[PDB]
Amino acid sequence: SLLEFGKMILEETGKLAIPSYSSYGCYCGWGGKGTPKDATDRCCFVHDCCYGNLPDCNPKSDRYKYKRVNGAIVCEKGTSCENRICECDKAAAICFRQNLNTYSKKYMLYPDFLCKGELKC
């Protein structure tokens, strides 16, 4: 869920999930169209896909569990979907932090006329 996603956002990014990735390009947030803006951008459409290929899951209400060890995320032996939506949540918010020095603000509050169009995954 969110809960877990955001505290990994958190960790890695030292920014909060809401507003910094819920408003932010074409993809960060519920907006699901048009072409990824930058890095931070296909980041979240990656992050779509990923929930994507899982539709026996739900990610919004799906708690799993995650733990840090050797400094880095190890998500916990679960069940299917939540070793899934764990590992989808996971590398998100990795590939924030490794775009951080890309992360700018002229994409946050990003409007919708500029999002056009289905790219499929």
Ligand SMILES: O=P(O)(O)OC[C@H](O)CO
Given for the second form:
There are 2 protein chains.
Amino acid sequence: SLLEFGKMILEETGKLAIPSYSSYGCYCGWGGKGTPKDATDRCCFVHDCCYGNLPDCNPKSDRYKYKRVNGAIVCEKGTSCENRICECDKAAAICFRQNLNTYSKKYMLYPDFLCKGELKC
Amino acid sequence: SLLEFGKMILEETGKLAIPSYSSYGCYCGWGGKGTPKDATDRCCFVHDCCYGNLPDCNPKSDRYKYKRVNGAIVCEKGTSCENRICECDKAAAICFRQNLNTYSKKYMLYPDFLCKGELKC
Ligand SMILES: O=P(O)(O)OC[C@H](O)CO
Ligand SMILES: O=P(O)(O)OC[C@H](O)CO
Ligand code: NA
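Okay, that was the form solved without the ligand. Show me the form deposited with the ligand bound next.
Every component of the complex follows; first up is the chain already shown.
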């Protein structure tokens, strides 16, 4: 659920999910159109393709359990869904960190309007 | 406070906080249930999600000051609360303007039974 995903992002990046990522670029803060603006934006994209491959699950709402082992995110075992969702969230969060040095305020509150077209996942 | 938030709204969109954004979709207002129906509806979902990260404050009434600098909304300095509450509002009002394009009357006075899923933040 967004609760785990959000506090996962703050642990990895130091930024709070909401203002930092709720509306970054074309895919961060749920969008679905356009050509990803940068690296951070590419992660929201990939994260969306990840959620999209869980038809049998409720990604935005199901609460899953996870712990940090020696500073690394580890998805605890739960249902098939909770596990796949958690991995999607972990991958996105970790990516966010890896690309912090390219995070541009220039893309926060980016006009969804400017994003046109549907990219294949 | 809502008196400042309503002012930004009228400035950025030209519409009155009340009708235009008080009974629109599943989130613009007080009901708060289901899945956002469109760009504008998401702008308001993200907004009381923002108000949820401020437990130690009271957004409805504490008054803050803001101004424009080269036409941009800037939150004047004050207490930590006033500043954070204002950032929530600032972003929301800008979000409403960036989406004046898809704002449709078909979402006004939207019925409760049409607000689906379980969503938390
Ligand atoms: O948890 P958020 O609101 O910061 O969202 C990020 C997007 O869902 C990534 O696709
Ligand atoms: O008309 P308002 O000022 O209550 O606007 C939108 C929603 O309340 C935001 O949560
Ligand atoms: Na669960």
